[PDB]
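Below, each chain spelled out in residue letters.
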Amino acid sequence: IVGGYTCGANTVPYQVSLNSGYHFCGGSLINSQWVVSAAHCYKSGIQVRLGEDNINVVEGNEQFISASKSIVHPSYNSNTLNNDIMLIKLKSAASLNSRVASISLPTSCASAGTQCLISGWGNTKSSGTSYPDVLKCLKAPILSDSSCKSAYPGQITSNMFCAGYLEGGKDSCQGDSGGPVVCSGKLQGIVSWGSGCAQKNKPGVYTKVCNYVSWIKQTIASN
Amino acid sequence: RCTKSXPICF
Ligand SMILES: [Ca+2]
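Residue numbers (the deposited numbering), protein chains in the order written: chain A, 24 to 246; chain B, 2 to 11.
Same shape as in the complex, but just chain B:
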């Protein structure tokens, strides 16, 4: 699961 930004993933 990642944010949908230029991504921050977990």
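Next up, chain A with everything else stripped away, as it sits in the complex:
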């Protein structure tokens, strides 16, 4: 997260870290057994880390649980990033408490100008690289689809939206992929892609979760 702020330990209790001997992507806990992340975050050997603040120190409140299923959307296109969503089933149910909690799925899509919370352990620099120990947070509005398409002509599908700023300085970045965009207590977005990070006129692009609520439901119920 570039241009954000330290969230505070366990203030985003649905935020998870996906770990393969290092933090590689974020995700969101949606019930005791299931995590939503990005399809492009798929790999073998995923350990889900819940209740994290400092990802480099065992502080208390962590739960490390292996992924038992990693389900990429069958129509995920790695060329266009359309359908950039993945479901991870945990080996054992997480213990839910104040510091480890699920986030609600949307009942409807969000509108332009809705203010959302984007969070992660990604790069904090727009130029070069700095990775934080603790979780970072950013408040960011959903942009109009006209403005989103103007920024990225021919590249924004019905399953994507833009959020953030056009003036530069505030954005999600490398290492934040798969993590949450939460608006009015609903998981509306998944950190997906963009042109660089926090660059003028290049807002972040996010998977539009409201389009997948039925798929998520049908997939969990059958697994």
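No lab work stands behind these hints: they were computed from the structure.
Careful: at least some of the hints might be erroneous.
[As the list claims (entries may be wrong)] Covered stretches of chain A, as calculated for chain B (at least 3 residues, CB under 8 Å):
1) 58-67
2) 185-198
3) 205-219
[As the list claims (entries may be wrong)] Short derived list, chain A residues pointing at chain B, Cβ under 10 Å:
4) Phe47
5) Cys48
6) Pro97
7) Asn102
8) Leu104
9) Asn106
10) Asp107
11) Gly143
12) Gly145
13) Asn146
14) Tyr175
15) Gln178
16) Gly201
17) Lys225
We put the beta carbon where it would ideally sit given N, CA and C, even for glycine.
Using the hints, position chain B with the ligand against chain A.
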């Protein structure tokens, strides 16, 4: 344009 992962660029 890149994904925001440990990046996949185009
Ligand atoms: Ca920790």
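Structure-based check of all given hints:
For the stretch 58-67 of chain A, the proposed coverage by chain B is satisfied: 4 residues have a C-beta within less than 8 Å of a C-beta in that chain, meeting the threshold of three. Taking a C-beta to C-beta cut-off of 8 Å, the stretch 185-198 of chain A contributes 4 residues in contact with chain B, enough for the three needed, and the coverage statement holds. Judged by the Cβ-Cβ criterion of 8 Å, the stretch 205-219 of chain A is covered by chain B as claimed, because 6 of its residues qualify and three suffice. Look at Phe47/A: its Cβ gets to within about 2 Å of chain B, closer than 10 Å, so that hint holds up.
The beta carbon of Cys48/A is positioned within 10 Å of a beta carbon in chain B (closest approach about 6 Å), and the interface hint is therefore held. Checking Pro97/A against chain B by beta carbon gives a least distance of about 19 Å; that is not within 10 Å, so the hint is violated. Against a cut-off of 10 Å between C-beta atoms, the interface hint on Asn102/A holds, since the closest Cβ of chain B lies about 8 Å away. At its closest, the beta carbon of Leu104/A sits 7 Å from a beta carbon of chain B; the interface hint therefore holds under the 10 Å criterion.
A cut of 10 Å between beta carbons decides the hint on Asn106/A: the least distance to chain B is about 13 Å, and the hint is violated. The criterion of a C-beta within 10 Å of any C-beta in chain B is met by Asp107/A, whose closest approach is roughly 8 Å, and the hint holds. With 10 Å as the threshold, the beta carbon of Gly143/A comes within range of chain B, its nearest partner Cβ sitting at about 8 Å, so the hint holds. Taken as an interface hint, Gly145/A checks out: its beta carbon lies about 6 Å from the nearest beta carbon of chain B, inside 10 Å.
About 8 Å separates the beta-carbon of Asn146/A from the nearest beta-carbon of chain B, less than 10 Å, and the hint is met. For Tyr175/A, the interface hint holds, since its Cβ comes within 10 Å of a Cβ in chain B; the closest pair sits about 8 Å apart. Given the 10 Å rule on beta carbons, the hint for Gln178/A holds: about 7 Å separates it from the nearest Cβ of chain B. Using the Cβ-Cβ criterion of 10 Å, the hint placing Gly201/A at the interface with chain B is satisfied: the shortest such distance is roughly 8 Å.
The restraint placing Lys225/A at the interface with chain B holds, with a minimum CB-CB distance near 9 Å, inside the 10 Å limit.
Violated hints, in rising order: 6, 9; the structure is consistent with all others.
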